[PDB]
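Chemist: Single-letter residue listing:
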Amino acid sequence: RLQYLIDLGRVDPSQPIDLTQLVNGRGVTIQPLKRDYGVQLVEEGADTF
Amino acid sequence: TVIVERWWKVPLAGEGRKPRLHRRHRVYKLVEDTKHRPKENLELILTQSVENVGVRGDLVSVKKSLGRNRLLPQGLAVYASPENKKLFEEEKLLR
Amino acid sequence: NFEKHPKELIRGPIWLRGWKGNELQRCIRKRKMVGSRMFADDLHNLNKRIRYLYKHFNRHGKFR
Amino acid sequence: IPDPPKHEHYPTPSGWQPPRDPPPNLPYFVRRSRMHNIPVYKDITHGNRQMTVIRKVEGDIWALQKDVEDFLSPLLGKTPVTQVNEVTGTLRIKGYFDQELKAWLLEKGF
Amino acid sequence: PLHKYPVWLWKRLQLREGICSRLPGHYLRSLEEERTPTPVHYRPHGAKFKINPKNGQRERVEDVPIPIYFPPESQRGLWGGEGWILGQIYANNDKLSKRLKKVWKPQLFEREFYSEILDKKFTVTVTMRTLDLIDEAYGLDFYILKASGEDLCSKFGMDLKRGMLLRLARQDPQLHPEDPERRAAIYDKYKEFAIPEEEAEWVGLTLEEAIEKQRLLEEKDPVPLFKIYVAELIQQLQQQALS
Amino acid sequence: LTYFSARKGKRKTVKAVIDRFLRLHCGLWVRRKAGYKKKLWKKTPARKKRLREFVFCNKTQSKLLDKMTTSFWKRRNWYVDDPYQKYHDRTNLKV
RNA sequence: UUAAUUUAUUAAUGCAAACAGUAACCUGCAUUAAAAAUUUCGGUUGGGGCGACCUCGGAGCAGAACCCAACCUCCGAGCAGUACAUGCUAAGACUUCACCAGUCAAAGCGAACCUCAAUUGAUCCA
RNA sequence: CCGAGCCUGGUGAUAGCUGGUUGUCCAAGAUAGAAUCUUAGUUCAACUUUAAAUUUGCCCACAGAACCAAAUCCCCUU
RNA sequence: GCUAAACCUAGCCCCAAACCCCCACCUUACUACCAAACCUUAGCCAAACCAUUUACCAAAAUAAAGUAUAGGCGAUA
Ligand SMILES: [Mg+2]
Ligand SMILES: [Mg+2]
Ligand SMILES: [Mg+2]
Ligand SMILES: [Mg+2]
Ligand SMILES: [Mg+2]
Ligand SMILES: [Mg+2]
Ligand SMILES: [Mg+2]
Ligand SMILES: [Mg+2]
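From first to last, the protein sequence lines are chains R, S, E, C, X and D. The first sequence runs 100 to 148 under full-length UniProt numbering. The second sequence runs 53 to 147 under full-length UniProt numbering. The third sequence runs 65 to 128 under full-length UniProt numbering. The fourth sequence runs 57 to 166 under full-length UniProt numbering. The fifth sequence runs 2 to 244 under full-length UniProt numbering. The sixth sequence runs 94 to 188 under full-length UniProt numbering.
Do not rely on the hints blindly, as some may be mistaken.
[Said to hold, decoys possible] Chain S side only, calculated, beta carbon under 8 angstroms to chain X, not exhaustive:
no., residue
1, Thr-53
2, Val-54
3, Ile-55
4, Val-56
5, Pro-71
6, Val-79
7, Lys-81
8, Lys-87
9, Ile-97
10, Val-114
Keep in mind that the hints were calculated from the coordinates and are not lab data. Note that CB positions come from ideal geometry on N, CA and C, so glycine has one too.
Full structure from sequences and hints, please.
Modeler: So this is what it looks like as structure tokens:
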């Protein structure tokens, strides 16, 4: 998902990526109400990143 | 006095609002009755010379019933206010 | 550019204006939005109606 | 939605590949979605009924139907059953063929 | 139809439109204020939040007060915020048992009190909570002048308050002359609770008494129009003599 | 089950269901065996293990519990270290 | 009412609480009474009542896969022994015609080198 | 119109009980059982209906099913 | 061809807005004239009985959320 957002320009990798930036590029939807404490990175696509 | 507690928990209201109460909210449970706990003492300053429970100008511990029925109605003693702490210690310094 | 909403174009009562709901929910919302300004026996009829519709929608029909 | 940047070698990591300029001379056209993706989707209508939808088709949807049938006849061993929607411009295919059809539409250049 | 205003607000509308509007400002301030009493029959949570058991999470706690009931004998005396607790109780301190009515009453005494400001011995129906609050207030005069309207919770107690407050605000010859230095000692001892007379006359009244006092102020037996018109004519003739 | 509350107009959950069963996101409900920690002295070891398992529920039991809860209990939860995160989804389930 | 639950109310005690002392009445908490007050009064049944039964197992009706009623015909159980692998796991199955429950079990790890006709009981509490 | 008056309100009480439930036309459609303060009811099953996916279903004779009648079960083939 | 049958506006309903109202008469009212208010709703009803419990009514949008929580831990809240 991260690489998909970077290649389609939805996340700028030239500036720090932060919860705001992932939300603003709409890669992760966080619901604080409903007890989301944030985002965990996931090894799912680690082969080609 | 009688201190009660509610058996059932009252749901919180808002920060400005008043809670909503029901039948289960006026089922009660006594927790304590301050009528009968061991009796305390109140601090009086005795302003005459009385029997050896106190002497003139002395702050003493007196049983509540005796202090409220004898020393204060007859003016024999006064309450241990900070004001008359200062006043009677000034009197003792003058003495 | 999105500074109004057609639900703000709706002219109607306050408790159903930009809302739909069913007959019980309409009565519940009318009681809590405009209930303290209602005439006394209109409230009494509204409370009777919420009470009846509660019993009806929660205890009758098929599909229990 | 930002139009995506100009990478050097395509397909990129994660496999994105832009629509082929100039457009292919075909009887039909398939638009990318707003997120610049191929518009082939899985669908499931009971616990059972699994379909693939191609759903931004412009032009000759019956030409597309014939080409999908030609392509998917080796993969199945029959002729797939399809539901053409000339109105909404979509094609339904019975069975899950999303990865195969996506690769096929990128091959065409859509 | 609907009322323009809600029915819980009808009373404020009266207090704005009537002779209740011509009541003085500070009195209507108190009537609108109407704050909360002191805990007497319930134990307050010392904190606004509490880690409740069974899960170590802080839930907010509010302390809700018991609906206490005060009889007219209480208002004839002084009970220290203490009244009857009319409630239910479970039969054997066990909810899976009968639930059954209960009335908890206070213990009532006929005590005799001297007030140094009024110089009078009053016999009243007190309880131990009043006696203890008097001891921690260092006298009945201080208790009544310091305690708030609803913590005092007596029509009689607030009559005593405005009598004492008017005594202070006018600095009356309270015992008699030949002791003006002792009177100065009294008013100096209680000099801190000094308010204007125009406020102390309205301290402690009910709204019925306040409206009655106000209309007694504004009765004003009508002025004859003979007087009004001869005043106007004399003014006009003096204007003509000037011109 | 309270399809329409008197307060909100909303549908209510049976907290008995939430105390006893676990809803996996695919629609499977997982329970304990009724009797799994009583009279273990007189139960045989194989029956004791059969009682110790966590089991799945029937289709009509699943649909009943689906009905008896609301959709808060049917969302997808991403807890930190979860012993059922692998069980929340169905793999190779053909038909 | 000699059924269940309660004494909130009254009563007479006791204990504190509020007075007088000397070298009674009011309030709070307990108890036993009275008056009550709330509440209920299973099922099958060749009408209902009386009488008997109510769970589980073996046999016959039901002769040869499975099933198959009875206020049908008969016989039994609410455990007992032996050690305490009477461990732990896990393919695949059976199932008392539903669910709950019940039953078997290869392989694997750890080891010595169960008998049993029913032989029993859920949930919440504690 | 008294084994506990009458009136209003709660109140559209509750009713596993009775009674009733209004155009046309086609189609598919029938009596296992288990538990239940349960047999005048309900829930699960079976059956019934609809839509869906997919590949085998039904009927058979040969082989086969224990010692202490009529017939059933199983299915390779039709 | 009798009895009839036909009719349309008298008004009403739900909203919005806006806060509304000479005499006699509590004695046997409508009669010219004589020595004191303030105290928990209960229960039907749900729990397929009922005995703790059982929505709201006693001003409070949308969402949080039918969540935390309560509960013969059950109906339900
Ligand atoms: Mg809020
Ligand atoms: Mg879909
Ligand atoms: Mg019978
Ligand atoms: Mg079975
Ligand atoms: Mg009815
Ligand atoms: Mg019945
Ligand atoms: Mg037919
Ligand atoms: Mg009931």
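Chemist: Are the hints correct? Go through all of them and say.
Modeler: Structure-based check of each hint:
{"no.": "1", "hint": "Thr-53", "in the structure": "holds, 5 angstroms"}
{"no.": "2", "hint": "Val-54", "in the structure": "holds, 4 angstroms"}
{"no.": "3", "hint": "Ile-55", "in the structure": "holds, 6 angstroms"}
{"no.": "4", "hint": "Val-56", "in the structure": "holds, 6 angstroms"}
{"no.": "5", "hint": "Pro-71", "in the structure": "holds, 5 angstroms"}
{"no.": "6", "hint": "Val-79", "in the structure": "holds, 4 angstroms"}
{"no.": "7", "hint": "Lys-81", "in the structure": "holds, 7 angstroms"}
{"no.": "8", "hint": "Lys-87", "in the structure": "holds, 6 angstroms"}
{"no.": "9", "hint": "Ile-97", "in the structure": "violated, 11 angstroms"}
{"no.": "10", "hint": "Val-114", "in the structure": "violated, 11 angstroms"}
Of the numbered hints stated above, those contradicted by the structure are hints 9 and 10, listed in ascending order.
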